[PDB]
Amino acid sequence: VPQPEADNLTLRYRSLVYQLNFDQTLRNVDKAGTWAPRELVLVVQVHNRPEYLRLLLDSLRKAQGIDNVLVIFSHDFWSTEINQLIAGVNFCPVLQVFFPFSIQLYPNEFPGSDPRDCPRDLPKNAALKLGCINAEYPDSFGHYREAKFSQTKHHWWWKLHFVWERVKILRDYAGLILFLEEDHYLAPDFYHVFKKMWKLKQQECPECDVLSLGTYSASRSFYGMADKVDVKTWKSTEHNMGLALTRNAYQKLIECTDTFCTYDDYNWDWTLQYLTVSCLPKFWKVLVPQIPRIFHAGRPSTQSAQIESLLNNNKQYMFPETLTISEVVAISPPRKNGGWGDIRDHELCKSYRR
C-alpha cells in the first residue's frame, strides 16, 4: 500500500481551484449538441453564506424561461455545503469558477496576512520605525492593509475578466452578462423583463450603457409601475444590484484597469462610480424598471417570506406584455473609503488582464 500524502489543506484547495478553473466542467449541458450561451448569462459572486445562497437558488428554480441561461458561480472560498447547494441545481446550465488568489489559498503571505505587514491602527511614525513592509503605503486615512477587506474587490475584477476572456464556453459571446451576489433574490419574471428591456434599449435608448434589474426601493402594489422603466444616470448606491454589462461595456472597463486598481476604495461599486467620472469616456446611463426584479435579502427565512409574499400579492402585474420608458446628469464619488492604498493590491489587480 502506497505511503499516504502529508495532509496539506492549503495545497489541496489550490489543486481544486487550479484544476476546476482549467477543466471548466459544465453542468446540465450535453456539449455534443448545439447549446451555446445566448442573450443572458448569470455570474454570481459567492462568499460563505449558504443560508442566503439557498434563497437565491430558490428564486432561480421558480424563475421562468431560464432553462437555457448559463449561471456561473464564482467562488472565493471552498465549502462542502456551498458546493452541495449548487449541485442540486439541475434546471439550468451551471458553471463553477474559483478565485485563485483568495486568502484561503494564501494564509501566511500576500494576498493573505504577511507576518511583516503593518497593523491597521498603527500610526505612520511608529510603522516607519518598526520597519513593516507596507509602512510607506497606507490608505487615504492612515489605515493599513487588511486581507479580508481587499479580497472582494480583487474577486470582482478577476471574475469580470475571467468570464469574458478565460471561459471557453463564452468565446465570442455577443450577449449580456448579469452580475449579482449570493444574497440576492431574483423575481420569477426577471428574464422576461430583461429580454424586453434590451429590446427597449435598442429602440428607444441608444445612449443606455448598462442595464439593471431594479433598485432597493419597492412598492407594496405593482399597479401601473410594473411595465415602466426609467433611464437614469448610473448610481452605485442605487444600481449595484443586478448589473448587466455588454461586450462593448466590458471592454471600456478592462481598458480602465490601472484606474480601477489604484483608486483608494476597497468597494467595487464605489470604484465603478469613480470610473464614470474619470477613466470612462462618459458617465453611465442605466435602464432600470420602476418595480425591482431583484431583491437584497441581507433571518433568511423571514426576509424570504416577505419577498415571496410581495410577489404573490402582485402576481397579476408581473410578466408584462410590453415595456414603456417613462418620463439626469453624472454623479461623482462623495468620499473615498480607503482600504485600497497598498500597492501590492494594485499590482495583483492589474495582473488579471495579463
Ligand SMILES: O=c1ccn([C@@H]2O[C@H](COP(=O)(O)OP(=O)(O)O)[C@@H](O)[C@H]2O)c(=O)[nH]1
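Residue numbers count along the first chain shown, from 1. Shifts are known only where both forms have a C-alpha. C-alpha atoms forming the largest set that superposes within 1.5 Å between two forms make up the rigid core. Compared with the form deposited with uridine-5'-diphosphate (UDP) bound:
- In the core-superposed comparison between the two forms, the C-alpha atom of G338 has shifted by less than 2 angstroms.
- Core-superposed comparison between the two forms places the only run of three or more consecutive residues whose CA atoms all shift by 2 angstroms or more at 328-334.
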Given for the second form:
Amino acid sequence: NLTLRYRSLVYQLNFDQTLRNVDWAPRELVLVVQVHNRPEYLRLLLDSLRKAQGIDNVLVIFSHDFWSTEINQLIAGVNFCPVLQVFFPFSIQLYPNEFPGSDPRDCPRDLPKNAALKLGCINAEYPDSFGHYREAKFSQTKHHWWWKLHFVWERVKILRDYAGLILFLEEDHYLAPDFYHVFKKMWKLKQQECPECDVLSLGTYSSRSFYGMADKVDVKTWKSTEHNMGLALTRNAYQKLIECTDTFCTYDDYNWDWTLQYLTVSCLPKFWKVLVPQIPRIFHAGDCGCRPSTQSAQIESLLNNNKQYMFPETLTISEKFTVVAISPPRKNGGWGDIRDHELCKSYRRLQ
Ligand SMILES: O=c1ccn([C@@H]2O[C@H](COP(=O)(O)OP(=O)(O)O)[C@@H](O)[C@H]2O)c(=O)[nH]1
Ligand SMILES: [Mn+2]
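Structure of the form deposited with uridine-5'-diphosphate (UDP) bound, please, following the form solved without uridine-5'-diphosphate (UDP)?
Then the entire complex follows, led off by the chain already shown.
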C-alpha cells in the first residue's frame, strides 16, 4: 500500500531531520517555505535563492504536504545553502479516504444544511457560516501553515534555543537578491527605532522605478491582504500567536492569513505592527493578468533595471500608518468543521 508506505517515510524523515549542505549553527534568519505541488513555481523560488546575496549560511526549510519525485529532485539540486525538508504528517495524500481527507460519509460541500441534517451525513451539524460543508483540499493549507509554525519552533532539533527570526514564504514567491541584506538592516532598524514593531515583512504587492524608495521602510498596522508575503517572526511573536490557538483553530475562515487578521483584531492585546520596505524584496510569481518563465523574466527585468538602487547602505523609516480602530474581517468560511478545529488544536499536544 503506497499510502501506508508514505506514512512510514514521513515519520522517519521528520525524526531524522537530515540537514543538507552542512558539515555552523542557524543564526539571524531561517526561511520556511510552504510547498504543495507546483514544481514549476518552486523552481523559480530556488533560482531566486541561488541569485540572492549573502545567504550561504541561511537555513532554508521546505515544508511539504505532497510527496513527489519531481519536487524532491528540485530541492535535492540545492547545493548552495543549508537545507532541511519536513513533511506535514496529516496531509490528504497520507489520509485520502478518511479525515482530514474525504471520508465517504461526509456531507457534500454544497448539500444544503437543512438537507444534510435530515440525511445524517456525519458532519451535518457543523456547516460553516454560509451553510456549506468542508472540502478537504480547501482545509489543507491552513492546517499545513499552523502545523509547520509549531514544528519549526518546537520540533526541529537544529533550532533548539534559536534566537533569530523565522521568515515564512511560499513555493510561488520570488526573493529579491538583496532580501537578506535588507532584512538584517530592517531588524537593526526595528531594534533602534521601532520597539513597538511585532513582525517584519519583506514587501507588499506593489513602482517601475525604485528611485528614492529602495532605502525606505514604513511602520504600518499589519493587514493580511498586504503583508502576508515573507513574514518574519521572532520567538516572542510566535509565542503570542499561540496564546490564540483556540481562536485561530476555530475561526470560520479557511485562509491562514485572514484568520491571522481576525486574531490581530480580536485576540491579541494590540494590533500587530509591521515594518515593511516601500520597495518589495519578495514577489508573488503565482499571479498574472501563468507561464513561470514569463514571470521570472519580468521580475528579472524589473530588479536588474533598478540594480543601482538595491543593496541600500542605510534604511530609514519614512511613513507611519497607525490604525486605532478597525472592523473585523468578514468570514470567508470553509472552516466550520469541528474535526478541522480539533486537528488544528492538536499539533502542539501530540507525540
Ligand atoms: O494543498 C495545499 C495547497 C496549497 N498549499 C500552499 O498554499 C500556498 C498558497 O497557495 P496558492 O499560491 O495556490 O494560493 P493563492 O496565492 O492563489 O491564493 C502555497 O504555498 C501552497 O504551497 C498547501 O500548503 N497545501
Ligand atoms: Mn500564490
